[PDB]
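In structure tokens, the next block holds one chain alone, the form solved without the named molecule.
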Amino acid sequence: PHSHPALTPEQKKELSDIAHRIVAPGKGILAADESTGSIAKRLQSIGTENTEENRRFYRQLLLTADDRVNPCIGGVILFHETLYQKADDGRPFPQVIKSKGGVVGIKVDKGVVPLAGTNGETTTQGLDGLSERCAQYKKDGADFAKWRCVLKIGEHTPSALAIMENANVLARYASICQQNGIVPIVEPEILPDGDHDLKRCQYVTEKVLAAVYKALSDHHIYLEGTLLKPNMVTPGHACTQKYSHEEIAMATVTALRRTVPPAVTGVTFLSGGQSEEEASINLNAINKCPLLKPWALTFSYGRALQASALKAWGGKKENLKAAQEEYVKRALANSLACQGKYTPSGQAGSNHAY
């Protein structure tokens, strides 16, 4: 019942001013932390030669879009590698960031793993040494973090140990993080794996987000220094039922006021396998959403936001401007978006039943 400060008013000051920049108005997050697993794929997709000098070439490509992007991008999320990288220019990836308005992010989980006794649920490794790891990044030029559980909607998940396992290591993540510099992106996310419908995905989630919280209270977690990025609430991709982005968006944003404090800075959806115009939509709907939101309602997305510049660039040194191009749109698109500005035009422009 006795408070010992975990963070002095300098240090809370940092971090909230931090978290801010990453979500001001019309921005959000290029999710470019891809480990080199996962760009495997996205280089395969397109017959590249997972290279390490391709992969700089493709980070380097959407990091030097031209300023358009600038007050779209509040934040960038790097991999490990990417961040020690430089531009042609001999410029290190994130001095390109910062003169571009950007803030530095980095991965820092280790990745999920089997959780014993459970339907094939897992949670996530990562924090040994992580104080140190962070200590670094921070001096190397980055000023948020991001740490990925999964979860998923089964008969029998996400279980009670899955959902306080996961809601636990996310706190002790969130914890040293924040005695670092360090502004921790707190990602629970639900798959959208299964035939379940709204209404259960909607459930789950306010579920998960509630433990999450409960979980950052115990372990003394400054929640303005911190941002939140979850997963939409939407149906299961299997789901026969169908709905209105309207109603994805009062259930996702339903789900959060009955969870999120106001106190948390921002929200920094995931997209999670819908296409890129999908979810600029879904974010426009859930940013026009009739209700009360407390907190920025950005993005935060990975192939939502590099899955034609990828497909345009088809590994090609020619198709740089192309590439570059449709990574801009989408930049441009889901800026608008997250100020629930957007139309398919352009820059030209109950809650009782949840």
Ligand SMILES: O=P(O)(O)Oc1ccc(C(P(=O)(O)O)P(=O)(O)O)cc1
Given for the second form:
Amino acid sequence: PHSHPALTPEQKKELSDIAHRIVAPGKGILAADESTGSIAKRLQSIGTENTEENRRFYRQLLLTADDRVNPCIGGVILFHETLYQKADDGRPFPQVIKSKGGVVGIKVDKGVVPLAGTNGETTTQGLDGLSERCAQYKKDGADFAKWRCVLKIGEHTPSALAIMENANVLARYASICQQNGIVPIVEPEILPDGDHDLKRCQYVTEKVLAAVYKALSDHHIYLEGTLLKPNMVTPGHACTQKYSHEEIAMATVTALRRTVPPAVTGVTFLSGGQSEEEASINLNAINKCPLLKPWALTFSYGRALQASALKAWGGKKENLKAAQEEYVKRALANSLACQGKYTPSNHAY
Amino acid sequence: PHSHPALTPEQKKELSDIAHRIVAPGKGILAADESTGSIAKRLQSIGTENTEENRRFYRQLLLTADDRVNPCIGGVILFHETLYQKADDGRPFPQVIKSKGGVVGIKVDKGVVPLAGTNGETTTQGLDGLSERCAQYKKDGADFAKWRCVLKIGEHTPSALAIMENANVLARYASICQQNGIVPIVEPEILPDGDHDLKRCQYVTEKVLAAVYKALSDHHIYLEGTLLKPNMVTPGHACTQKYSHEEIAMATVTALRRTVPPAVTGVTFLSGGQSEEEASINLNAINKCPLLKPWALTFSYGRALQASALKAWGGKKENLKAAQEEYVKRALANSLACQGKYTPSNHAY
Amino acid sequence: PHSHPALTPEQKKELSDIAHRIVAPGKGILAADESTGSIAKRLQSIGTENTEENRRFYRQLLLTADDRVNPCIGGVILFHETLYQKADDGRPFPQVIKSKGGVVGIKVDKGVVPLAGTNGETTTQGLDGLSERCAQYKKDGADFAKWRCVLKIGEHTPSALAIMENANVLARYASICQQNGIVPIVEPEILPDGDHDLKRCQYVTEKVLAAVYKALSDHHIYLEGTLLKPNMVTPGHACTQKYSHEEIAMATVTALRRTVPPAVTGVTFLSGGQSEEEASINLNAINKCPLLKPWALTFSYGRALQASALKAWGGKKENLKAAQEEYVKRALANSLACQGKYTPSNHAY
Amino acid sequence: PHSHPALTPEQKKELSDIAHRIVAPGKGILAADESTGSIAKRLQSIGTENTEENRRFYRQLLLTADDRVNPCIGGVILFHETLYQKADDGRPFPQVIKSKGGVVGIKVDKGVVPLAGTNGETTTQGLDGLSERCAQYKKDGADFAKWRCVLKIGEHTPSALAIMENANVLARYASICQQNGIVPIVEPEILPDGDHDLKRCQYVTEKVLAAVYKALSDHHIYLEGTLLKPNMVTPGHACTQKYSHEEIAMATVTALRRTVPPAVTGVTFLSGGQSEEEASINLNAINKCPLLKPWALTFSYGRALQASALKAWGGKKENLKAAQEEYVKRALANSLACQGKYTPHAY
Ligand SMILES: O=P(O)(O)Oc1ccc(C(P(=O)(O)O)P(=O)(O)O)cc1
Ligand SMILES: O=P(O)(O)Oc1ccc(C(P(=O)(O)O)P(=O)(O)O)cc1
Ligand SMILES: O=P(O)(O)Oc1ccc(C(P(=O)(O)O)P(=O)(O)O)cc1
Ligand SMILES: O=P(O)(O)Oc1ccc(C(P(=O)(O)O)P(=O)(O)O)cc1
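Structure of the form deposited with the named molecule bound, given the form solved without the named molecule:
Full complex below, order starting with the chain above.
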């Protein structure tokens, strides 16, 4: 029952200022941190060989887009490899991002592993040596980080063990990040797979997020220096009932209002399986929801910002500006959506 | 991980409507629910005998003040006895309250009991047969309830057992109230006794409230149909260090922003040991605090609304209007304070 | 992390001595504590009116059986009414029990109540005023108590909430009993209803018992002064697969070896839906199970000791000796079974 | 509320048989798994240079003692390096251990790390890639593993966070081991530092162990295929009050009887700060305690088995026979103590 402060006032200020910079009005996050296994599939989807040089070129493609994205992008998440690559002009990518007014982020988790005794559930590893990696990433230009936990809605899932363990590892990761001046993004993703309906996803999301923020409290996490990266509340991919974007927005906002303390600086949704345009409408509806939302509601999009750019690129160097244009389109679209400015019964929740 | 709805949409709307009526702008709660053992202390302090008649008269004195209190008082909490008494004009007190535009509340707990193996810590009893009582109180005009848990800041307290146990019984009480159409006020009071400083009270309050709302989630409580009745974050009564009202307001709003989900309809502060004027000033500073506060921040005052009325009464029949005037003063003062309209480095928190 | 002892060594000795007397070798408990609503059903099965006198006579019939039961019955559980009734010769029933070498027990819970938001699950009430009741029961001759919690195996049950809440209320009850020199019997009954198999029951029983003993630790319960009243591990009533008595015994002892600390003085199984002969055979098989069992394994039987006696009685005063003989037969049978002397691989668990 | 079995019956049998071999009557564990930084302190204490060869030689010294230790030693815990070193006759140390009737163990954690917001409390790291390491150690002859968590008795410690977090990481480590056919030794150590008395240690030990076994239940651990490595219940190093060996035994057995389920196969005590003889006397008292003890109560000793051997060696190759004799003495002493045959309600 006695306080042994984890952070000084100066440390708290740095973390709060970083978090606010990332989700400042009209701004969101580009998730360009696809692991080397995940980036392989993207390149194979456009028949391009997965070489370090192709990965560098594609990342450079997104980071050097014209200055129209500067007011759209508050932060860019990178994979380890990309953090130490350089643009053609010799500038390290963290410097490119900074010079366009962005914060640099680093994904630090090491993937999921199975939880024995469960119905195919997982936790996430990566805590070993994390403090030294974070101190190193801080030196090399990173100011926030990402850690992804995965949960699945099934007949017996997510179980009490899975929720508790994923919530606990998220808190540990957040604790280590804040000790090294890094803002942790807490991502408890509930997959959209299955035939569950909207209200079931809302129920599960509410139970996961309540576990998350109890754990963050237990581990003394400074919420003003955190961000939340949740799934939107949506029906399962295999659900037959159809829902309006207004219903998606109402259920999403409702789940957050019931679990996310106001001290959290911002919520940066993941797009999941949504299409580029679907992810922009939904995010816009969420910001038009009449209910009171005491946190920034913006984006941390990977595919929903890159899908078109990747295809217009096709691996051909001469399609550089055509691909950048598709990326700039989505960045401008979602900069409007996270302000509710995008145009192409609460008791029931 | 499967939903079995505790409340229908129609039940939710009733509870939410009640909760909002109570904390509507400019309105607060009169706490006239002193148990017969506590009201005995009040009458003794003005040398008045503790008879049912004096208790009935004293309550009548407050409930029948002139219509300047109608926009100030959203709700009145009563003890069991008073709920079935009548004013001099024969009208049952619940009818008097409603006719003046107030909601009727009832205290339903049966006092504290010791927790074996702890250093003088307690839990609260009163769950047995609570559902049938609630159904009866509902019929007889009550629309919300009160339950008081007490925690103490000390060398080894509040302990993990004390926090877990009091949070859990509050959730049981709230669950039963909502099944019977009654809005539960959740009151986990941290006593101001001791020489602890402001930061220690803020730390305990943040830990206690995190446990409360995790327990409310585990028990499926509908937060829009609840109110929270917490202490303000203050130093101990015996703390040597001095603090401004702005500092108390900053500590209080920070603790709440870090724990209370936006879905909670209102926060009705208890006055504790504060004087009448001190309680109104602090509530006013709380409502002027620049930070974002997504709930109503109003009052549930007993002593802070009654102290002057009681002394002016003194048991004399002829001092009725002198006493009623002192109560109308405090009702008007606190109606202004809960709007920030009353005049007599956040990272360091 | 600081001990504030709940009990003195003298208090500990008293509780431990009571507990060992009850489950001394060859001894078990007669459960004659049916509520007036539960005993009414039994009387109706023999077309006998539910009057206080018939209830008195029936209880007298059991309590005054001939002295062949004295070494069989270490304790007798009574309902409130029966604790204050007298035999025909004027002797209070507690004195009847004590003079035959038994300990007097009292049922102290006030029945189950529904948990809102669950699939028909319950918790139990009765804590209100329990401390005053226990001290009074102690004065009037009772030395141990019983509290029944009920959990159900279903598609989504027992839930996390139901396990947590019932474990917590059992520990509260146990703490209060021990403060008044009363040995608590902790009864977390998992019902046999449903089509579940033996493995499913063993799993649930293991998780229930683990939660029970964690709660008892959190509440500072003295295990040597407690007894456990669990179900045997059995298939559901509606299960099609058939199991031998040796498999039931192996599953039961395995579940217990994995969850019950050796400090627990004894285990007094409930019979559930089992017949008189079935409950005796299983208990015998349990005590012959080759595994190591560091606690007494005996019986706390109601129907499995009374069924034949109740039928032979039929309400007729003249069937006294015929009825008593049937009760004595089962008491002698079960006294042999709890020693493994009654006659009418493990890695797969 | 639905079972998804973590282990098959075949997997349970393998784990149970391993665990029973390690703690078979008269047998205990030699803890020779000192990390490279801890063994550096040991060698420095006898003015010996910390070289791979010196570490190899010292470990060989212990593992090749004469066959009088065979009935005393059910298991040997090794550090990663030693697992892949060889004796002078070319045999890998795991083969040496097995040929003398012992089971090979491996330390798999990666040290303690601070818990932010606490008063100097720690958790332990080492889960990343533990499944692949365990599978590899199994191929290379290891059949059980060790993971150490450390807790401290202070004015505000151990806190709810530290107990919960350490209990949870222990359960994760135990879960991964059992999926790879390795018996986990669960070691939640409460340090003897401080001026606390016996009662305080008994209280803390009971709370820590209750949390450990709830965690292990939550994570579906097969207790019959696990071992416990706890401290003995003793007063703090700086406590003025004196206690007899019978009181230490009574407090230790009582703590265990109130927390450790009978299904656990064995309890292998750590020696902590105790001298070789103090550890042997206390272990003997524990095994003679009149209360009923449904698990093997033996030793997992490092310093309490090696102290005299290290000093008799002194780094000199010609003291090989002298050093080995001192080790065989303690192995014989403690093999008797864990049978209770060694002689030189208030809880
Ligand atoms: O679902 P897919 O179509 O296979 O594509 C994926 C899958 C997972 C991820 C993860 P990772 O980078 O850790 O692999 P994250 O979304 O957290 O970046 C990224 C892209
Ligand atoms: O501090 P005191 O001078 O003793 O006055 C008191 C003490 C307690 C209460 C309780 P109760 O009504 O349950 O007794 P509550 O604040 O909940 O009304 C009310 C007034
Ligand atoms: O099995 P049934 O036919 O429904 O009869 C019953 C049902 C419940 C009980 C309870 P109670 O006495 O508290 O009501 P307990 O098992 O605790 O004696 C006793 C007999
Ligand atoms: O107390 P010291 O004098 O510092 O010696 C020590 C300290 C710690 C250990 C650990 P480690 O080998 O993991 O560091 P373990 O007890 O687990 O072997 C071993 C020896």
